[PDB]
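Peer 1: Since chain L is already given, all that's left is putting chains h and g on it; use the hints.
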Amino acid sequence: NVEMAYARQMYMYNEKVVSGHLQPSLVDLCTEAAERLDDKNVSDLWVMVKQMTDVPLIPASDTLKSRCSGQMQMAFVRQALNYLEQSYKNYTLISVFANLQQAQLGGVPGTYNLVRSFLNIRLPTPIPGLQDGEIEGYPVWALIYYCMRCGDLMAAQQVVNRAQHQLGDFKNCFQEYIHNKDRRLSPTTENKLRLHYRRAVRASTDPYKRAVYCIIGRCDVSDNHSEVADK
Amino acid sequence: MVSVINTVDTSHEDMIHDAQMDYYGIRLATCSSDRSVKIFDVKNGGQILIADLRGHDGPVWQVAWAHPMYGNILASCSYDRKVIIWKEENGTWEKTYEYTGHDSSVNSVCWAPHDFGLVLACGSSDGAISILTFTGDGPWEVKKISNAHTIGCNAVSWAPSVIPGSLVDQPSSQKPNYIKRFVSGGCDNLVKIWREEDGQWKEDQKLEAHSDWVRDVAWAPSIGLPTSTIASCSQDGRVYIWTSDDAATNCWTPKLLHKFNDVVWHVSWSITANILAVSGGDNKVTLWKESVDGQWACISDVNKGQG
Amino acid sequence: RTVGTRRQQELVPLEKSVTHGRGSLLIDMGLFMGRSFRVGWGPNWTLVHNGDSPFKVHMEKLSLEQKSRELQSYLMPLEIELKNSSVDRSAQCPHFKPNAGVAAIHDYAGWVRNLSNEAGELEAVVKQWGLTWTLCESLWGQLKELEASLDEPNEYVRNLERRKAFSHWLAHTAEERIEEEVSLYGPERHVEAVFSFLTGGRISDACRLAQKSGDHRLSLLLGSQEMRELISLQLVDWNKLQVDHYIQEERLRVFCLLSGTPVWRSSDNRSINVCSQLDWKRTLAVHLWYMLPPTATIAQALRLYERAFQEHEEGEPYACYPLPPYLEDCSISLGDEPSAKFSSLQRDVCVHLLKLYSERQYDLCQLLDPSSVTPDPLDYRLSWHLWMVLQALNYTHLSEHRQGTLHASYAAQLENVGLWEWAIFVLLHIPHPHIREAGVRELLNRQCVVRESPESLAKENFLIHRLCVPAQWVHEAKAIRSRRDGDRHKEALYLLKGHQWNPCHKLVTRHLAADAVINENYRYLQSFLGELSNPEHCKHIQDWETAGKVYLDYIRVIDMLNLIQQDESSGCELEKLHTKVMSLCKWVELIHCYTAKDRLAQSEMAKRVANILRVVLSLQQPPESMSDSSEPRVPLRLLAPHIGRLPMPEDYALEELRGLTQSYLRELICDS
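Protein chains in written order, with the authors' numbering: chain L, 180 to 410; chain h, 1 to 307; chain g, 215 to 266, 300 to 469, 474 to 923.
Take these hints with a grain of salt, some might be off.
What the hints assert, rightly or not - Derived pair list, reagent style SDA-like, types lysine to any residue, alpha-carbon separation capped at 25 Å: (1) g/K391 with g/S333; (2) L/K229 with L/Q280; (3) g/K308 with h/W288; (4) g/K344 with h/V168; (5) L/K268 with h/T96; (6) g/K230 with h/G58; (7) h/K206 with h/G237; (8) g/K303 with h/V168; (9) g/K532 with g/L657; (10) h/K259 with g/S231; (11) g/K308 with h/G305; (12) h/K202 with h/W252; (13) g/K374 with g/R410; (14) L/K195 with g/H563; (15) L/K195 with g/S414; (16) h/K87 with h/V168; (17) g/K532 with g/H680.
Stated by the list, open to error - Calculated Cβ distances over 12 Å to all of chain L for the following chain g residues: (18) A440; (19) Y497; (20) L615; (21) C616; (22) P626; (23) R739; (24) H750; (25) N770; (26) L890.
Simulated from the structure, these hints should not be mistaken for laboratory data.
For every residue, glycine included, the Cβ atom is placed at its ideal position computed from N, Cα and C.
Next up, chain L with everything else stripped away, as it sits in the complex:
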């Protein structure tokens, strides 16, 4: 039944190609076939295929040169990050709606409040050794980390603006990171951030602080941050 569902999509695709019509996306036809099979793993697979294939198609004569281009490699990593961020935002949403009494979602929509309510589930007890204070009883670095993990850099910037007096120069680095299309610091700001990381942040007791600096500064690539990145 699965092979027949796809063979029908191949027929419909080829019929449109042969008739000289606008070539349908084979990804969309196969995603529509997968949604009819009621297999969640196959649906999640085609959502991933759709996200990773949404890249600027260059009519290159040579597929290898196109795929190995720095622009195309950067497009794939951007789509993989967007997929993982959306997946985690949906996981955060489902986890909060499954635990509404503990989560205390409140009445104000947005990723910032969703992450606060997720922290009531994931951090029910104060973890000793968190740094740079709390916003409304929630740890600053945990809020920044989970807003970034959900792909909502604007919700993370709201946290950074509220904690601006504790975070110092990090605010300016984080503002530069958000305004860059590639989520990149300038080589000067990045080297300043890496030097600050090695001197002070690497020895921090706060695992969320370490992870956020390692992400933005692209440093300590040997550390897996298993205290905050467990999956």
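Peer 2: This is chains h and g only, laid out in the frame that chain L set:
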């Protein structure tokens, strides 16, 4: 909904916490805060108390009938930290075994499929699970799973007896090595699946979807489908249906059945129709059935007082 | 005194919030949670509940509250289905599979063409199923048509002949409600009763009706070409010139019906819709006759009709949505929200079947939802026989899980009423051998009966001689049925015609042998031990040697002794009786009566045997008429040795041993 049948005056002095019919539906066991286990022989109408079993020092939480191939055996568990095995011989009910190996209230008892032997699972508020085995010769053997749940175990339910590869040709005389499994629900918000391997019980899976104490867990009986189904209910007012389509993948997917406005206390499967009975803190019993599109629909709402 | 206070036995009305903040304390929740009820339902729909002079718990039966009694009808259908059944025999779990995709459509259409003989009294309990099964006959009929082909089939003829058959079905679906309508539209209206006569043709009489008030226009017309296309061009032209600004009111709707346009935005800016006030079924028929050529295909008629209730970027949706024949009354008011609601609505079977004519991909998981036909999400009926016909007409895209569930639900229903072996026939089609095996054994162990009766023996002979079930398995179920409760009587008999190369022996020995010796019922014991004593069964019985020999021999010795003695007391059997008895001394020596009664019975038997042996020896070794009274000078050392190794209680057995010793001493004195 169903036509009215007999009314049984149980002559009790408190709330019946739980009630179970025997295998042939000729007897009803009941247990209460009054520390008694009462047995009624309700055959062809005619309510009839046949035994008042006293042996617990606290409220009795759950009762479980054994398979009739071992005779008329009933288990009970209590706040007094004991599990009692009652047996009828020649119409007389006696305490044939007492297990006191838990440090806190024993909240749930469930007999294994009779293919496995005479095996009882017991879940306690000490966070442990005990498996009592009777071999026919000598005392009951005990396998205790210490720290099964971090705070306490509220419910235990056995998996159906499935022969691995029942569609594979085998000799006329042979022993079917059953995969013995059961599910437990605890105060750590986890539903946990257990497997016997080399005579030891191991945690096979953790199922994470409840946000508060799991109150009850029920493994659906095998209707000859490969899909294994578990129901769980919680203090968070949610009921989840957990499905696993392939016994080899061990992949369990949660589906939210419903979210009640109050606590859900018990979940129980119908033997023949895959109907879930759900008992809520709202004093209602709701019946649920899966439709052909895989949606779950409420097929009846039973209120206290419409009889 | 002798009066009483008066126990308030309410599970308290509704105090709550106090104890509730009290429990908000999370230090303890097991007492918080004693209050409610851990109650679940059980097998055969036995419902267990704890809800409401007295005040406590009620436990009220809850089987099926819908269609509880409805036997005769399924009896005819089910008989038909299994008579059309076929049988597979290669494994100990047999396998049913329908006869290859044929004749079921004519069995079902023939069956409802018998229920029509008494369907009059029933209201809306067959017409829905009649519509569905006659649609299935019109579409994938795919059956006899008075030789539809006497010689050879040409696909144009085959498809035109299906358009004749489906046109005769559509006319017959409309014919009742059209003679209701023709009784109401009183004299007269050529802009209404003329329209309804056309929505179900029968043009024969539509002409006699023009006689009175019908125009020439219609008596002349009562198959062309684009003649009607020039009627259309004429219309286009009045339009471009506003030539029809003043004209007959819905006479225009009737004229456009003769010329298929069939929704028209007039120069008044009126939307003259021909299709409104109809059902999707007549709306598609109007497309098949009047909007399209007299030669075309149905998948194209279906897809145009679906893109006619579906909207356009310039056009009002002009066909009615295909609702099930019930929900019609409550057409959801689509207040600025049509599509988002349509993406949740069932659509009656007939369109799912007209697709499966067309195509091979659309979802069998929608088409078999039983709230299409009715809406009680319980009984399927139609679903199971439709699944067998869909399996006959090929189609294998359905998941096994949904097969297992559909068979489990109809087997659970059958029981809900309380049924039997045709549920076994339905299960015998499941492709998984050990699940077919386990389900049939478990169902037998629920429902089989240890009172044997004409109803039990009818179901049992049907199971064995129709469904190919066995004799020993039912007896084993009866044995289980006794042990868990009773008895001592039927369990032994039902286990009998069931080998117990170990358990049988066990039980028999520890009970029936002691009582049959007390009552001396050797016969009833002689079957089970005779049948276990076969040279192939002796190889496999633990303790066989021991006990077999034991009891068999007791009985045998007695019998042989008596009979032979009388008879003529032949020597050779007497040699073999001596051989058996002399060995049996050294076997009664070893009885291991591990329990009480064991020893009880042991004693009993030793006693009786000894008595019998005495009496038998009486006339035994030859009364010596010729000798000085048969003096027993000869003494046997083996008998004395066997007595020493003989095991029994120190009282009576040793007293007997002492008497034997005294006899031996007397023999020694005689020898002296």
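Peer 1: For this structure, which hints from the list above don't hold up?
Peer 2: Numbers 2, 5, 8, 9, 15, 16, 17, 20, 21 - these are the hints that the structure violates, sorted from lowest upward.
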